[PDB]
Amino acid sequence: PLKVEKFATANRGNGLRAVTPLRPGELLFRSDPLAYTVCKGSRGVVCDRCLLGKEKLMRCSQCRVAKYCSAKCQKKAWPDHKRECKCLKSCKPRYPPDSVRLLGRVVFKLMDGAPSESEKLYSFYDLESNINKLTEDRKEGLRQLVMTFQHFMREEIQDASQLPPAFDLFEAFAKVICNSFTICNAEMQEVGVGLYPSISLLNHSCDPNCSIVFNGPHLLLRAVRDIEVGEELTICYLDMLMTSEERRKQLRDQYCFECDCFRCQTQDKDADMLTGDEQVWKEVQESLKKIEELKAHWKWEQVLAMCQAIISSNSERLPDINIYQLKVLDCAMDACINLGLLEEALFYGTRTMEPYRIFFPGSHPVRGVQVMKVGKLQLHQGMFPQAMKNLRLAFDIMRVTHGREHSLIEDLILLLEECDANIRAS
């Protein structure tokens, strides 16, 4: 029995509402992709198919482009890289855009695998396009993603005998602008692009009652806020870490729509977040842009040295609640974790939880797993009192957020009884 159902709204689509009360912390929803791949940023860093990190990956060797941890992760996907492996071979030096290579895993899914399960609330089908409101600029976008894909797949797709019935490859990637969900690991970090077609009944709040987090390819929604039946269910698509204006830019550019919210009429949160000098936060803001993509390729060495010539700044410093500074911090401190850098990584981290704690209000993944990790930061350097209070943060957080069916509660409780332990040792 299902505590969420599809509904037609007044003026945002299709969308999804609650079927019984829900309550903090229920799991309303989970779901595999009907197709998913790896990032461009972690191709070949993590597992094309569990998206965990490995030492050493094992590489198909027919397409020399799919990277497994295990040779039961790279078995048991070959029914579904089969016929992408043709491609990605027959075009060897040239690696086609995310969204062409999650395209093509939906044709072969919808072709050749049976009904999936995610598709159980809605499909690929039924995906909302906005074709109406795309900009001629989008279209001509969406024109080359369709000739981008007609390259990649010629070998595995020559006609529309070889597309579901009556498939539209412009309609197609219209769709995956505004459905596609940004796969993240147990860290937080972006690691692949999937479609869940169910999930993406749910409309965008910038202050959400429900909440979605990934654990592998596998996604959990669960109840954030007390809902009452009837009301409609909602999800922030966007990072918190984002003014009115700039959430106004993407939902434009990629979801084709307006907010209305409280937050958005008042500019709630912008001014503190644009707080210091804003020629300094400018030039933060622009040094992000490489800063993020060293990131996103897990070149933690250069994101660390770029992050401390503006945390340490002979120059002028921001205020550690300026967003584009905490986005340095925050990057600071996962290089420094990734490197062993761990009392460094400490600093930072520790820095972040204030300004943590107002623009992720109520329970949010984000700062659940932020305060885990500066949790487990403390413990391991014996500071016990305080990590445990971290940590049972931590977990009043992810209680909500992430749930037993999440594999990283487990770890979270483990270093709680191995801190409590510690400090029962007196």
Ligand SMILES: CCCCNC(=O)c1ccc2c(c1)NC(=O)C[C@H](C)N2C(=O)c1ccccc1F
Given for the second form:
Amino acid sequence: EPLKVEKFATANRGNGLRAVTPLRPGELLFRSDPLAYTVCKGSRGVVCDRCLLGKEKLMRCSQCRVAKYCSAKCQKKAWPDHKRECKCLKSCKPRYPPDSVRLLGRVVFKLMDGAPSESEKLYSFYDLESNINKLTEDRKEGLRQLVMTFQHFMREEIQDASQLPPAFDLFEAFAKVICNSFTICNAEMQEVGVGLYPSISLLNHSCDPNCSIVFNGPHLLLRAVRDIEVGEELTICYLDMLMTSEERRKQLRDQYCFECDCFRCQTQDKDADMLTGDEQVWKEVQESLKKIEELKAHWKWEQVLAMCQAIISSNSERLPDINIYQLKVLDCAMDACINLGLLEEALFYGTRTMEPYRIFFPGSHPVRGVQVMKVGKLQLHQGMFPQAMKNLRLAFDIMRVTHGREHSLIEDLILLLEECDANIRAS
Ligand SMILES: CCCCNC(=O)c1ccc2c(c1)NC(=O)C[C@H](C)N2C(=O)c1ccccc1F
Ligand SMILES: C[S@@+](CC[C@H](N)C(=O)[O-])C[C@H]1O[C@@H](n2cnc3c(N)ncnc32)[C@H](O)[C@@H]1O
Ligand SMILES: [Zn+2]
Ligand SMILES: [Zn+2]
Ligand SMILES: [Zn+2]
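Compare with the form solved without the ligand: the form solved in complex with the ligand:
What follows is the entire complex, opening with the chain shown before.
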């Protein structure tokens, strides 16, 4: 069709997107490649720099020796967007720049040297929100340091403003990046990358949204996850669902410079359940998760598992599985076990997440769709067919809404459903 969405000017939250026509759950609203993107710090050399797929088979750029790739095709295609950054990268090894700086380098190369980008159809990098009049002095110091890091990293390819676009202010561009960066997760919901998607950046936040985004490599799909009326603002949740209203407050302040007075934030919706169990215990668990989550972002599965087991099967006092810190521990342990092939133990943690995930991810949410598929997949390969089929159908009922036929993972689920169904049919 023409578009199901259009940019408009909201009353109190700058620009927004709104429905042009009524929308149903699962309808594809928009799709976009990035303006610019980069692999994350902790997944560097663990995933293809370009398609963001994992492998043990990864060849690597001998020029800079920082880029890794899954294929000759991926190395070659990533050359135009990695030609200019190439020199700068080698030229500063091994104190590597923060992701935000590498990301902005690619933005600049792309605005200088690229044709207009399809990702900027509804809204461009130039139009993005900076919140400059809301930034705290502490935030500004932080952005100054990013500007100086950028001028250093980029010295070879960029010495002055004629090499940057028309009047382009680097302080403002980092301001834009802070509140318009998308985290790119792979099919298994692990963080692998960071990109800008300027048309998608019109979406304002809601702690109970009507839309969802999902990624297939660097490609982004925006889908409705509820019914939406003509004229209704389109929204997505910018944050992890496993957070309390206080945690959301801090993050929405610090990164996005706004205050949320939605129903959930006004009522502290779910907050008491999330923090059930003994406070001294969940305090330490939340402390240890810093490290467990760091190890995870670096794919260090045996170490993740060791630390999770010391919590889950601790000799000292334990937490309910509905406690968010406990829950995040169980999830990391599950993922560790999957990636280490300890499938019975993976299933044990996975099944325990099921009921909390039902509660903390209401309606249709891609994170729940994927977790349910994962558990269903584990059961399937232990011959637990009736319980598998149950979970695979549930995953399909979520992911037909959240991922849809345009996302290749749905094809994988379809194969699992046909397999499980074969088994039952014959039994
Ligand atoms: C510019 C304003 C948008 C900021 N937000 C996002 O970029 C975003 C949020 C949540 C995401 C993703 C991206 N990425 C995905 O692949 C979808 C899944 C649902 N999702 C996560 O699970 C997630 C949860 C908390 C932290 C980071 C995460 F990636
Ligand atoms: C990705 S942008 C969203 C588009 C933005 N409103 C614009 O005008 O370009 C993120 C910024 O939008 C604003 N924003 C998003 N959700 C909001 C909300 N629920 N209430 C108020 N402001 C919000 C904040 O300025 C935030 O830093
Ligand atoms: Zn690749
Ligand atoms: Zn290179
Ligand atoms: Zn809220």
